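Trainee: Next come the chains, spelled out residue by residue.
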Amino acid sequence: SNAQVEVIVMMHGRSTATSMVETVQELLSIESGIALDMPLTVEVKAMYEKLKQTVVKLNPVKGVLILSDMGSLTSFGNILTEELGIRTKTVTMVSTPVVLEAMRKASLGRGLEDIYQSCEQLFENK
Amino acid sequence: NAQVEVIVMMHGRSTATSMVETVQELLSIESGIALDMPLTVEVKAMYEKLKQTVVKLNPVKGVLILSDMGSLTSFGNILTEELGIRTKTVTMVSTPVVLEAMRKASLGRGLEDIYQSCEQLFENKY
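Sequence order for the protein chains is A and B.
Everything in the first sequence is counted per the deposited numbering, starting at 539 for the first residue and increasing by one.
Everything in the second sequence is counted per the deposited numbering, starting at 540 for the first residue and increasing by one.
Quick partial rundown of chain A residues pointing at chain B, CB under 7 Å, derived from the structure:
| no. | residue |
| --- | --- |
| 1 | 551 |
| 2 | 557 |
| 3 | 634 |
To be clear, the hints were calculated from the coordinates, so they are not data collected in a lab.
Yeah, the Cβ is synthetic: ideal placement off N, Cα and C, and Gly gets one too.
Take these sequences, add in the hints, and give me the full structure.
Mentor: This is the structure in structure tokens:
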């Protein structure tokens, strides 16, 4: 039922992504945005599988923006666009203000290109 | 054990904790200190407890604060002014920088060199 870019935050560790999303959700009073945490017990395989199941349920007509930190998580999106045909952008080295910007703009209905760029700018500025 | 103390300071219930703990488990080290600021904690209470945490750690080589956004970004300057302890602050902290930061600190590198190490990640992103 999509007027929005779906924003997925994927991070190493038990709750980095969850805590960041739960925080941006309270700051903006919004219910969008998805957290996928991969602790060191979950394989890269299994986690990519989880990304797949996840996206598929969100109706990503407007695309998916992946917010990631480092490593393999960083390349998932491109692999997904490849495998599933779903438009994707990834940002790496993500922190709270970035999640904040992304979920803010997504929920105003901005394009995937537009929200991606917004973020890369948070870095260019700092 | 007398190294640069790395304090990760973040918004949310466990962004900081989860980051510190991933990195500790990645490097099998026990150092690094997490401070989480949920919405139920006021800025002033957060600075107090940072202050009390730091006094107790007894840093002999300076303290490096890793933070996301907002007032947490200036706690570093204030703490130094208030007690004459040398701090530097990185803002927009992401797991890779907590990783680099705790790694080098573990090696016994100085504040200045670690700080520029983290700074250089954003540069090398760019």
